[PDB]
Structures are given as structure tokens and as C-alpha cells.
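Since the structure of chain I is provided, determine the placement of chain H on it from the hints.
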Amino acid sequence: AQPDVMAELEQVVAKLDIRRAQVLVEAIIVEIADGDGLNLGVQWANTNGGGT
Amino acid sequence: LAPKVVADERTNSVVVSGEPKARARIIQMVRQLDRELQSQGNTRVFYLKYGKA
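Residue numbers (the deposited numbering), protein chains in the order written: chain I, 307 to 358; chain H, 202 to 254.
With the rest of the complex left out, here is chain I:
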């Protein structure tokens, strides 16, 4: 380009070529799970009377 644009492109480049900063990204996924089933049940069977 023209020397006037060359000097303009030279500033654009210098700004655009800036050392891009780095990022360390730690994620922390914590899950906790449990629960209580309970099955208690009573059955009575009698020949004479009847059963449940």
C-alpha cells in the first residue's frame, strides 16, 4: 500500500499482534448421593382361619 497506509497498517499490526494472555481454568464438579429404602412387612397364614 501507499507509504501513508503502510504506517497505518504498521500500527494496526502492532496492536493486533499483542501477546495474547493465557488463562488457567479449573472447574470443580462435586456431587453427593445416597438414600434409604426400607421394606418391612408381616404376613400371617392360618389353615383354619385364613391368610394375608
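These aren't lab readings, by the way, just hints derived from the structure by calculation. Careful, some of the hints might be misleading.
BS3-like, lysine-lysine: derived pairs with alpha carbons at most 30 Å apart [what the hints assert, rightly or not]: (1) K321/I to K250/H; (2) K205/H to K222/H; (3) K253/H to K321/I.
Take a look, some chain I residues computed to stay more than 10 Å from chain H by CB distance [claimed, not checked]: (4) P309; (5) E332; (6) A333; (7) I334; (8) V336; (9) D342; (10) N345; (11) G347; (12) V348; (13) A351; (14) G356; (15) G357; (16) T358.
The C-beta atom is built at its ideal place from N, Cα and C for all residues, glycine as well.
Quick look at chain H alone, frame taken from chain I:
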């Protein structure tokens, strides 16, 4: 038959064709516009911080 003005963009050279009064005054006009840019250009680059380019 009077002095005329030109330029080359390969060497970026002013070309005059005419009088020595034209040599005298167009060497002035060479110098008038041979000024460089002062920091701020035609083109800028904005570093956006929270916005995505």
C-alpha cells in the same frame, strides 16, 4: 506551457515539470505534505474487554 504536478507511488516521488519558481514553490509543497502521522492514525484497533470482537 506553464508548470505541472505529478507523483510516482513505486518510489513515492513528487514530479514537477516547469519553471524554477515551480521548483522553488513545489519543493515547498513537497515539504508541506511530506508530514507523517502523529500517533493517532486513520485506522485504530480497539481491544474489547467484555465484548466479543
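Inset, instruction - Sort out which numbered hints this structure fails and list those numbers smallest first. - result: Structure breaks hint 4 only.
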